[PDB]
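Coming up is one lone chain in C-alpha cells, specifically the form deposited in one PDB entry.
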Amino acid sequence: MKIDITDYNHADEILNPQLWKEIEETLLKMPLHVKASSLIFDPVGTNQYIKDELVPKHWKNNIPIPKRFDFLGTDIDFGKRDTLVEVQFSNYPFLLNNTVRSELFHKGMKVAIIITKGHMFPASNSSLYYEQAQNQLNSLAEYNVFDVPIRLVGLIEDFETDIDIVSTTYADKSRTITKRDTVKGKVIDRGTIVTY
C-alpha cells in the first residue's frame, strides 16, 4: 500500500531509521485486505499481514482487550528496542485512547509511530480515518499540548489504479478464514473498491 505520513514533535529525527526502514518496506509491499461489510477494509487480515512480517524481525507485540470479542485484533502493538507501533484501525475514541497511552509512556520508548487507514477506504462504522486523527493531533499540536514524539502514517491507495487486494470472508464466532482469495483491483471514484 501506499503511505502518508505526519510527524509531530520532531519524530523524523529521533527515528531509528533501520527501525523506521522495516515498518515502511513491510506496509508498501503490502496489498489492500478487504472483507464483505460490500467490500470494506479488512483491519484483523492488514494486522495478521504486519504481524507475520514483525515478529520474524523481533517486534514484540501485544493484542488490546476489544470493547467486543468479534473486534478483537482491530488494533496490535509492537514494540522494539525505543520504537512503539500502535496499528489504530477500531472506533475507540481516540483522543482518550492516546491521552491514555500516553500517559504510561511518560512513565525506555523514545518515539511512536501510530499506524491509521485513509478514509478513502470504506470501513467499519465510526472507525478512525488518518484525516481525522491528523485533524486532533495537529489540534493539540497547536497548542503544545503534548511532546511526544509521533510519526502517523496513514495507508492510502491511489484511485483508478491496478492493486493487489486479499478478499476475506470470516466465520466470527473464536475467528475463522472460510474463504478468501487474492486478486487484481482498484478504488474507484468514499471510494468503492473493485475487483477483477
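Positions refer to the first chain, counted from 1. By rigid core we mean the largest C-alpha set that fits within 1.5 Å across both forms. What changes on going to the form deposited in another entry:
- A 2 Å or larger CA shift between these two forms, after fitting on the rigid core, occurs at just one of 55, 163, 63, 145, namely 63.
- Comparing the forms between these two forms on their rigid core, the Cα displacement of residue 86 stays under 2 Å.
- With a cut-off of 2 Å and the rigid core superposed, residue 74 has a Cα displacement that reaches or exceeds the cut-off between these two forms.
- The Cα position of residue 98 differs by 2 Å or more between these two forms after fitting on the rigid core.
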Given for the second form:
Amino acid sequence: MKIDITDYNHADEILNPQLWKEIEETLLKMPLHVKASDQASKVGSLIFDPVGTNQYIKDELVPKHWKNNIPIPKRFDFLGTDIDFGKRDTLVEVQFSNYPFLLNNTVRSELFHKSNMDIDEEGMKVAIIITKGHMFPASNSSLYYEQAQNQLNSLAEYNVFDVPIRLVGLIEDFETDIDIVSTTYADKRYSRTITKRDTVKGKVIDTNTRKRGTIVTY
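Mind pulling up the form deposited in another entry next to the form deposited in one PDB entry we just looked at?
For this one, just the chain is written down, with no partner chains and no other molecules.
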C-alpha cells in the first residue's frame, strides 16, 4: 500500500532507521485488503478489511523478530493486557478499531515511556501507530488517519504528550488499478476464519471534484 507519515516529538530523528525500514517495507508491499460490509444500508459493499490487514502485518513482522502481543507488566495492567508488536525499544500499534482507541493508545504509550517499561529487553522510546486513510469505506467509527492526525496535531499544539510517535496512514492512489485481496470469512461479522480469499486487481473510484471512495474489484 502507499503510506503517509506524520511525526510527533521528533520521532523522525529518534526512530531507529533500520526498525522503520522493517515496518515500511511490510506496509509498502502489502495489497489493500477488503471484505463485505454487513451494515444495514450497504450489505455486501466492499470495505477496508481490518482482519486481513492485521493478519498480513502479523505474518510479516513476526518472522522479522517483532514480537506480537507482548504482555503489559503487572505494574501497568490497568493500561491493558498487551501491545501489538515491539522490537528493541520500539512499540507498534495497528489500530483499525473505534476512534477512541487513538487517544487510549497514545496515552498509554505516553505512560509506557514515562515509566520506562520494557518492550523487547529495552525501555520504550518510540511508538508507531498504523491507521487507514479516510479514503476507504469502512465500518462506522473505525479510526482513520486524518482524524488521528487532527487529534494528535491538536495535542501537540497544546504540548500535551512527550513520547515520540510516528503516525502512519495507509493509502492508495484513486482511479488506478491496484492489487487487492478480497476475503469472505465464515460469518458475516467478527469472524477471522477465512472461507474464500481472492487476489485480484481493483481500484478505488473517486467521485470528488472529501468523500470516501468506492472500492471495486475485477
